[PDB]
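One chain of protein is taken out of this complex; the other chains stay put.
A and B are the chain letters, set down in written order, and residue numbers restart from 1 in every chain.
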Amino acid sequence: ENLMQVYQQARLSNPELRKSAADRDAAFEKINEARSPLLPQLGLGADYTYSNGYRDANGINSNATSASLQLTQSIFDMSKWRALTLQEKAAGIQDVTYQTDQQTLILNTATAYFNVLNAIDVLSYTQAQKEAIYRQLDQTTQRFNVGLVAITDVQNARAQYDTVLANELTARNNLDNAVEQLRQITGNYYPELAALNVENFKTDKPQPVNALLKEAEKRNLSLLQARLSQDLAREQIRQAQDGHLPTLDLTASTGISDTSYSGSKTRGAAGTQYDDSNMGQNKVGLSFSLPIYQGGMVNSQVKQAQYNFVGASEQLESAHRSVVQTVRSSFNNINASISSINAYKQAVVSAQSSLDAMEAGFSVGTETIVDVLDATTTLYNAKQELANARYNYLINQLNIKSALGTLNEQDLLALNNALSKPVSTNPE
Amino acid sequence: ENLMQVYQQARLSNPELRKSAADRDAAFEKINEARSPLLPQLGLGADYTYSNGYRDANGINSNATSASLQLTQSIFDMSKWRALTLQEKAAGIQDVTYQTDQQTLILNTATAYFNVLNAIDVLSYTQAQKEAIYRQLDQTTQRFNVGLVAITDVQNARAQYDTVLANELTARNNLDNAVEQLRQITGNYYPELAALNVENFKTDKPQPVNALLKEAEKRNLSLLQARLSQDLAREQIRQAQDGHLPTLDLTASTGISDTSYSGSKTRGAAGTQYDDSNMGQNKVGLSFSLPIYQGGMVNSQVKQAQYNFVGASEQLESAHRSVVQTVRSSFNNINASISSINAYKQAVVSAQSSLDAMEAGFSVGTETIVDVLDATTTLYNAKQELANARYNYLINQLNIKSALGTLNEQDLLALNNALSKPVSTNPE
Partner (left out) sequence: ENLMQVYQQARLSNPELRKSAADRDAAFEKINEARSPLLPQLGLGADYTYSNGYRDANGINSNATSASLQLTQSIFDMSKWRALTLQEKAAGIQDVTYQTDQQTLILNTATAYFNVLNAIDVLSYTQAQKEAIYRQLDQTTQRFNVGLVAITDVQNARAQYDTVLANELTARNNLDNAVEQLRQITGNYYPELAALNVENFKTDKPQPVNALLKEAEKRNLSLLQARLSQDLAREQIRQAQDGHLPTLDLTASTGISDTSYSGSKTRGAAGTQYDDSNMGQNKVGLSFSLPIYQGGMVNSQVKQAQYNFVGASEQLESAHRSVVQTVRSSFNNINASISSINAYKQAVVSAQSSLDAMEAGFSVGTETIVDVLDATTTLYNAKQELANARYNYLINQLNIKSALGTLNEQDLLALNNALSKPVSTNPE
């Protein structure tokens, strides 16, 4: 029923935002998988093998069983550490995209809200105009029954009337699909919304453009994310560079074995020389490894990593050049709106003088025909474009907030001042 | 020529649909790849080694040659079975995505079709207007030769006539590019298309809105595909969970081996030691394996898989809301159209009588030709919107079928009767 109240409902169940939130959680949970390789690895394995000999190891043949519990532990390997750091960085980036998606739902709800309000005014002015054209037809049909005017008077007032009847539908339809889209973003239908209140509505000037621009540098989420991705691409070079380095792994195992020799030739061998042996061993061990050369694979991986970093740099610049033109065009548009409003307010008062003076004044004499209707078509156009400009202003205010990256639900809360009058979202 | 006639040719050569179809066949063929590890694995290998020994094994040498045929076979492993299930799931999802894409071709052909028809109307109404303004230039320029009118009217009617010539170009060119759109989809040029039969109409009230909802709910291809994706995500949770489980493998092999010894100090005491052995071995063997701890890896993967499933659920809820917004808006539009047709059908009769009765308003001076000049650009606007709403009605009929998920060839066959009259696509 009110922008804030609407957003409140929208926020707690918007699937676009909730998907985003689930992406952030998984990203952060993946940190445990990335740390995984640094922690111990425990596993139990067992084996049976029945072999059967032939040719100077012929009549000798055996089946053997074993089982063992293995531990492995990675004392130092730089790749495994970088792998973790990278996932922390990845989860960091996902967090920012999620913050950016919170600001979109704000920016989108308002859009859908103000589109429904706009779709009303459009219909409402058409409505009032349909009647305004009608009253001209009514009078002319009276002024016809008793002489006075031709039929070249009736058909002008009938055509333009039948034109607007069809214009009423395309208008009435827009409102039904403005409301339906609001339901898509919010999750629920609204039979009424708080409309703009001309009594308590002021259009304040924004901070200087160079101050807005300076603030955006600090707080813009698009720009922030680009910095982190460059930070991410940098880290990835180290990872490629880690391939040259030594690695040391601890491994330990407990176990038992049993080989038994039975068969023709091995039915006794010299003096029990058939190795019927039940082994069993606790053992601990270290394995060192160092690459010396791998066909230039590692170097290639570094050089590739360095070029990608150049891309991430050039992407920071793209994000920046984008930020620089979003704060600037957002600034202009407010400065366009205030001017549009101030002009269109006097374009109404001017068109009001043409109504008050040449409409209500046109009872006797002067001019008839087309000069009758336009003294109000101008009054409606100006009235439409004025309310239109007012909503533009409101959205330009929110668009400057998101450029700064500081848009939250308190900027929707400030707009409870501008809204008051509950208005039907139904073509009555 | 006819709409279905056009679609038929498009359907069997369209590269987008056939790219889709091929993607769906790969998806299905991959089930054979995913099944693979469950089947037996056969392979042959061989090795040679020359060992020149120093240190405490100094003055000894060996040649060692071997060859063996290896068979492996997975007895039980859950994750391998999941692999297969997940590809069956993958292929199923692809077939639904292929169906959606069959429906888009129907949708997109009809659109391009009615664009070409639309572009003809625009052009031929601009054409009819061009002559209409011309006849008024002609009459004023000839009533000037007598000297009955001022030069401020022969230049006036010439000014409106030169605007319509320009408008006749950007309308001729629109038709050329509307046809090029239509060729891109179908594959071939068309010199003639069946345009609407402006006599026998098909304005028919659509199903109750909640029945349409009910049917979209269980037949929409987008919503079905979203449902299967969630099913897929859940199936992946179990796959992550499969990490903790034990596995059993068969590995049986036939092979032979040889070792031969040389070098200075190569024997030892009695029996002539370090002798050559010529092994030949038939072995069958099992290998049980059970992880216990893997540094919290599996556990992390199962949390990610759960968080992903949250996203897939929200994705469904998101796809749901889309459908709701589609049927309800396809409903509003098809009702807007129904009513819009009736209004412009009447606004044509209205703007008609304005140039039937005023077709004597130049035959004296009821309303000076200037009035009739810009009265002709009223009967043409009404006639434009009427055809415009008529085609937009036909598209809105398919759009609802699409939203119900049942858009078929029958829908196109039903529109043969609404067509019939062949109309040029390159007029003179």
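We adopt the following convention: a contact is a pair of C-beta atoms (placed from the backbone, for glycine too) under 8 Å apart; a residue touches a chain by one contact, two chains touch by 3 or more.
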I'd like the shown chains that the missing chain touches, ordered by label.
A, B
Of A:73, A:378, A:406 or A:420, the residue touching the omitted chain is A:378
Even though one chain is hidden, which residues of subunit A still touch it in the full complex?
277-297, 299-301, 303-304, 307-308, 310-311, 314-315, 317-318, 321-322, 324-325, 328-329, 332-333, 335-336, 339-340, 343-344, 346-347, 350-351, 353-354, 357-358, 361-362, 366-367, 371, 375, 378, 381-382, 385
In terms of residues, what is the contact footprint of the unshown chain on subunit B?
15-16, 18-19, 22-23, 25-26, 29-30, 32-33, 35-58, 69, 150-152, 155-156, 158-163, 165-166, 169-170, 172-173, 176-177, 180-181, 183-184, 187
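In the analysis below, only the chains that are shown with their structure count from here on.
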When the C-alpha atoms of subunit A and subunit B are each averaged to a single point, how far apart are the two points in Å?
23
